[PDB]
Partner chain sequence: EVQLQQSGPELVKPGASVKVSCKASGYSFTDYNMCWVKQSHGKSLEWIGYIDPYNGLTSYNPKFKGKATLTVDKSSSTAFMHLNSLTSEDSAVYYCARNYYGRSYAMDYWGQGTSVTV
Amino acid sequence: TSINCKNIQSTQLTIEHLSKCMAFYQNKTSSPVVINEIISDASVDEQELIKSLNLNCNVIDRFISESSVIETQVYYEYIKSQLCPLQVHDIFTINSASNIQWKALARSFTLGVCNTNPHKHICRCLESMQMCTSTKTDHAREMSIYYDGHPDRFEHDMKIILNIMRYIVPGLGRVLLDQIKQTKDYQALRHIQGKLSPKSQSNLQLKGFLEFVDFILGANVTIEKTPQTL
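Coordinates for the sequence given above, by itself, in the form solved in complex with its partner chain:
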């Protein structure tokens, strides 16, 4: 069938499926909407509750972070997509406030492979914003000797990637990233990164970063997945 972010089926509660309900994935960069019409197709009780929250684009991500109901988080995320299109897609514009914040985060974090080999393309892309066009195969020939067969190093850089993406896609995306970090199920990260690459063609640095993610997920290394809370 098809997933409704306002009504999500119980079996659809996996990183793959929940990934589809991220706000940027809704492809609404425009036509921000008054909340009343957004919730016009919902129970009158839930309408009076959501109206009672007094939501706006600044605090909505925090209300999403506070709720313990994943269906409520996904719903509020849908509300965020219709209410806050510019805030949602602000990161993909090559020069933006959000893009500058993310750039500062990337320059501040040091990947393990960067610490060992600062000359590598990905390090240059994160620090000095150069070399940001490189295929996953170049990354493989270069850094496969660094990652393959090293779970500690792989998890080390993986957590950093999860922080940087944590600040790319707030709200539901951040929840999914935290879930991935908690469960060590790092391959599920594809479902986020795969949905972010074609969105990122205008931003070269972002494109190269996500390409690096694509390479690193494919490193020959065995990881054990801790239990899930959902």
Second form
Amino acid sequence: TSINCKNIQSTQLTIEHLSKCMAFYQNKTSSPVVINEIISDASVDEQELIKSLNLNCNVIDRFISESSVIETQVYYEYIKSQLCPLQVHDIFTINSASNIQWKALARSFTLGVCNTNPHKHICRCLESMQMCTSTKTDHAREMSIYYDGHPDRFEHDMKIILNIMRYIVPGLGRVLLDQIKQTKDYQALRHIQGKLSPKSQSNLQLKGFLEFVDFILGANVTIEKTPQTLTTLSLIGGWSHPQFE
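Let's compare: the form solved in complex with its partner chain is above, so bring in the form deposited without its partner chain.
Below you will find a single chain and nothing else.
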């Protein structure tokens, strides 16, 4: 049934069900909930641990990214979703200061599809942050031929897109995106980008970026997942699987 981000089952750890535990997907806009009430039902030693961490809304993301265990990261993500709602949903308001980071990553790195016809709608959308309304409508034919049949030329732009998205969804989202880059399974990105589109409908540039990510994900190519040989630094195991509840 529904996933519980406080205690997550071993079968449930996948990019999709983890994607369901992201902070913005919790649909909490307002009225922050204090940490002791968030963790209220959980082991006592765990509660004392979280109090000893002295989480704040600013650095909770750093705690998520530094942790080595995915269940704990999801827990901190849920604590962020209940504790810091304005921070979580700020990115969706157009030209809010949360957008500056992924916009800057867009300007800093140019797609390989943009070295041919730099005036393509998307290339202007990442370059100048203008004409972002519909990126996948304009020149889609040309991009469709460019990306189709080429694994490498597609993986390059996909990776850069994955970095910008790392800056769009901090915390859990970031780590999931990292998983993509390492596992080279790029279709799982749907679960991240899909949920991002309905919240972002007000933001024009974000909506355009997400529509294009939808487009380049729909490219016609066959790429092989490369799960890690170590089996470590992956979601399944090892090692510890904390369950708070």
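Positions refer to the first chain, counted from 1. Throughout, rigid core stands for the largest set of C-alpha atoms superposing within 1.5 Å between the two forms.
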| property | result |
| --- | --- |
| Rigid core superposition between the two forms: residue from 134, 110, 93, 82 with Cα shift of 2 Å or more | 134 |
| Between the two forms, how far the Cα of residue 120 shifts once the core is aligned, in Å | 1.1 |
